[PDB]
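Engineer: Take the sequences, apply the hints, and build the full model.
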Amino acid sequence: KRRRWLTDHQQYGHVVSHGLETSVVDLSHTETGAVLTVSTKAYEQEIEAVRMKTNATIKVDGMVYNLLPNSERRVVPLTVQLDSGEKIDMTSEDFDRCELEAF
Amino acid sequence: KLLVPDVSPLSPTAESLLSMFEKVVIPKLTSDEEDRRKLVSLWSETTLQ
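So the protein sequences, as listed, match chains DB and Ck. Just so you know, we're using PDB author numbering here: the first sequence kicks off at 720 and counts up by one. Just so you know, we're using PDB author numbering here: the second sequence kicks off at 147 and counts up by one.
Hints in this document: simulated from the structure, not taken from any laboratory. Warning: the hint list may mix true and false statements.
[To be verified] Restricting the straight-line Cα-Cα distance to at most 30 angstroms, the calculated cross-link-like pairs of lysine-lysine (DSBU-like) are:
no., chain 1, residue 1, chain 2, residue 2
1, DB, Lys772, Ck, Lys147
2, Ck, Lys184, Ck, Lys169
3, DB, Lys760, DB, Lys778
4, DB, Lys806, DB, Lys720
5, Ck, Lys174, Ck, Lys184
6, DB, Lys760, DB, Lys772
7, DB, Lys778, Ck, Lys169
8, DB, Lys760, DB, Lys806
9, DB, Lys778, Ck, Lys174
[Stated by the list, open to error] Pulled a few chain Ck residues facing chain DB out of the computed Cβ check, cut under 7 angstroms:
no., residue
10, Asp152
11, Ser154
12, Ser157
Cβ coordinates follow ideal geometry from the N, Cα and C atoms, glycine included.
Structural biologist: Structure (structure tokens):
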């Protein structure tokens, strides 16, 4: 069944649906130092605009982040069902760190 | 591991606030000369430190 313990929901969880593999980048908030993640296919224009050093800062929803030095990865979006009959969206990368119920 | 983790270059707004606090504080925040003088002194001290 390949179930994993999700810490945040204190429950076992199970993979229902796979997305295709998206390239993803990391954006760190300027004020708080917070760290976010973003689909490169959506923000492609602005990201390439920062790669050309022209406008060096990416604004999203009035909160502005700086692109990290590399942080370019290939991840798979997953719909993870919970034992409550619940649904979450989780990255491949994060669901991978989680702890198996049967190994 | 001498680096402090999660630190990033300041936004042009937050950065302009540094050249502004040296001037703009004086006319805008308060016009009382005591507070103006003392605040300019505080800014100098803390920038130096």
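Engineer: The structure should be examined with respect to each hint, and the outcome stated for every one.
Structural biologist: How the hints compare with the structure:
no., hint, in the structure
1, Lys772/DB - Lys147/Ck, "holds (28 angstroms)"
2, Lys184/Ck - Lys169/Ck, "holds (14 angstroms)"
3, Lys760/DB - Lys778/DB, "holds (16 angstroms)"
4, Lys806/DB - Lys720/DB, "holds (16 angstroms)"
5, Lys174/Ck - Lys184/Ck, "holds (15 angstroms)"
6, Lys760/DB - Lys772/DB, "holds (19 angstroms)"
7, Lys778/DB - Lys169/Ck, "holds (28 angstroms)"
8, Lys760/DB - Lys806/DB, "holds (25 angstroms)"
9, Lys778/DB - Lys174/Ck, "holds (28 angstroms)"
10, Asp152, "holds (4 angstroms)"
11, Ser154, "holds (5 angstroms)"
12, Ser157, "holds (4 angstroms)"
Checked against the numbered hints listed earlier, the structure breaks none of them; every hint is satisfied.
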